[PDB]
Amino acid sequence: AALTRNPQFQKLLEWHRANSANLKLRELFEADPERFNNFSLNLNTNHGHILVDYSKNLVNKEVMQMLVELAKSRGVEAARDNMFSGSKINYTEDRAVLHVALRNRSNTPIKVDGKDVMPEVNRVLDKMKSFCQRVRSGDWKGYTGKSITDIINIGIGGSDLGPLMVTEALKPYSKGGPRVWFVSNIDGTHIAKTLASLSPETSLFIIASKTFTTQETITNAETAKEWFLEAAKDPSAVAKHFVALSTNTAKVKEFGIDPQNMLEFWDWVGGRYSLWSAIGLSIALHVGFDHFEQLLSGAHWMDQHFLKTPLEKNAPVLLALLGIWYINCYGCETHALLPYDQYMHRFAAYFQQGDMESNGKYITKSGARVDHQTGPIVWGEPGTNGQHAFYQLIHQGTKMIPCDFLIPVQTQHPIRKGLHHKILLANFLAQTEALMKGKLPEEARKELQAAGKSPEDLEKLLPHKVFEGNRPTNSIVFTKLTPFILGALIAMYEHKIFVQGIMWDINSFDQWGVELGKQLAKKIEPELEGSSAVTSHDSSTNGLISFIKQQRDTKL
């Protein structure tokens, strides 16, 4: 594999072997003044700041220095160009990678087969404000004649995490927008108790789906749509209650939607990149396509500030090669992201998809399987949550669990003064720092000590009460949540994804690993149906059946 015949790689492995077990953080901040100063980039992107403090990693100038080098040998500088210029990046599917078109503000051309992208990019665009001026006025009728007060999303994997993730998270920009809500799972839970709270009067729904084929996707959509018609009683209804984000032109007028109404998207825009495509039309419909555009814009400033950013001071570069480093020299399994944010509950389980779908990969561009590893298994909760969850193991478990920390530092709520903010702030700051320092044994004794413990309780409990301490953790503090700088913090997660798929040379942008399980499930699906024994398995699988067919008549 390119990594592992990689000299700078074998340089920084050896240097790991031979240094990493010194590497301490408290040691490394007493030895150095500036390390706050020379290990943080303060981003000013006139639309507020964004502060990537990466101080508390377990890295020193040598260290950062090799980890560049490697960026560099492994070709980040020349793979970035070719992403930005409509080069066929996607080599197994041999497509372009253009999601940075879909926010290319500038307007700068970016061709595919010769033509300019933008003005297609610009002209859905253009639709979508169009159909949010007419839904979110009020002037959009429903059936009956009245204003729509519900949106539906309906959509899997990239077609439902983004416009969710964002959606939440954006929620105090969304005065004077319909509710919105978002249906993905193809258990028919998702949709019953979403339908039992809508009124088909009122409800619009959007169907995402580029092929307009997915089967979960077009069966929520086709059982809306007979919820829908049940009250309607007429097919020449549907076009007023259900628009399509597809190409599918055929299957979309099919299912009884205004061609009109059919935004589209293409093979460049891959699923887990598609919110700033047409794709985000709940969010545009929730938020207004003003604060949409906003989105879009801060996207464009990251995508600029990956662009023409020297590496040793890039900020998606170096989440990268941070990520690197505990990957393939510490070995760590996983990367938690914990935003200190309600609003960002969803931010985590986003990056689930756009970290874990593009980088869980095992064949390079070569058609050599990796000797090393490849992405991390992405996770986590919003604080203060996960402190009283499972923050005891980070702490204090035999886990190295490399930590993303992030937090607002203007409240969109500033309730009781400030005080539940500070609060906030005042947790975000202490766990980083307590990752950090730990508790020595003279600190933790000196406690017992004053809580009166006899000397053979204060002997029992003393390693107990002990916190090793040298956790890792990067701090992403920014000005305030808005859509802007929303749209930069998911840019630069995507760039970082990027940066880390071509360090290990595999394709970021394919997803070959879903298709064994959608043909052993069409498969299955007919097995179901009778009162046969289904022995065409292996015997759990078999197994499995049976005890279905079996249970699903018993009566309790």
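For clarity, a rigid core is taken as the largest C-alpha set superposing within 1.5 Å between two forms. Residue numbers count along the first chain shown, from 1. What changes on going to the form deposited in another entry:
- The residue among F255, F242, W181, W266 whose Cα moves by 2 angstroms or more between the two forms, once the core is superposed, is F255.
For comparison with the form deposited in one PDB entry, kindly provide the form deposited in another entry.
Keep in mind that what follows is only the chain, not its partners or any molecules around it.
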């Protein structure tokens, strides 16, 4: 595997072995009054600032230099330039990787197979803009002559998580827009509970699927169409109530939607990088096309920051390198995303797909099996909720857990003259300070002494009250969570993921690991029908099927 054979990596690992035990965050800060200044980036986007403070990490000047040299030796800059120029860097599928084209506001040509993609990107955006105007204005009418009140996105994974997360995060920008609903699970609860609250006369369905063959999405779409036709009783009315977002015109036609009712995207748009494309239609419908364009513009700003900045001062590069340090040198399995923002409640779930489906890989570009760790398990809940759930384990468990804490300076709801946001900010700051500093036995002893505890009760309680500290965090703070800033943040993590994949020599852009489960499910489907025993699998699968058939008709 290319990483472990790399001499710059071996140097880093050797240094970690010899010296890492001596790194103490409390002491790093005491020895260096300039530590924050030297280990943070303050990015002025001209539409707000993003501060990436990486000073509370187990690093020094030497470590950062070694990490930057490693990025250089792994060819990160050339790989990046190849992505942006439309090279077919998705080598297992022989595809370009061009989510950066979707938000290329500059309109500089990007060629695939000698042909500029920007005219077709811009054509679809124009069509999206026109459609959003028609629906949001009340002009677009349903089959009984009423304006649309509800938009229902039907899709799963990449066709669900982005639009859901973004509409949730940008909820204050949705005033006067139609309601949005997301249906994703094949579990019939999902579509049933949604349809229960809706009228066929005023509901517009958006069928979102790159392939247009995904079982959950097509089944859900068929159920929706059946519910719709039971009321409308007119096949021609489908064109007023269903729109398709796909690359696969043939399958869209087969489902019963005309290409005029389809907004297209392309094979070089990965599903988990797709919200910037036609897949973002439900975002644009909910918040308006203007705000959708600002989302794209913010991503574009971050794209240019990634493209043009020297590695040592490049935000997604530094984030990627810190992650490699913890993954490949410290062996940490996980990475927590902890946004102190209730609107961002689905941000961590989004990056579960974005990170884990990209970099949860084990074969390199050479065909070699990796002999090192690749992508981490991503998880998290918004602050302050998480503090009262799982921070006990972060402070006093036995796992090292790199955390990114995120927060806007300005709240969308400055209620009680700012009291709530003041408290929120205080907790944001205090938690990373606590994780860094800890509490020494001598400090805990004095607290117990002052609390009026007896020598007997004191000694029994003391060790439980000690915080070992030295737990590293990033703090990412931004002026306000606007559409533009959100776009910049999402793109920043997209590029972090890219940099890590290149350093591991894996393909961040394929997903062969989902195929086997789909195949085995198609085999089991027919076996569930009827009351005969199944014997064709291992004894567990067979036994679970027996239980299902036995318990099917028990009237509880």
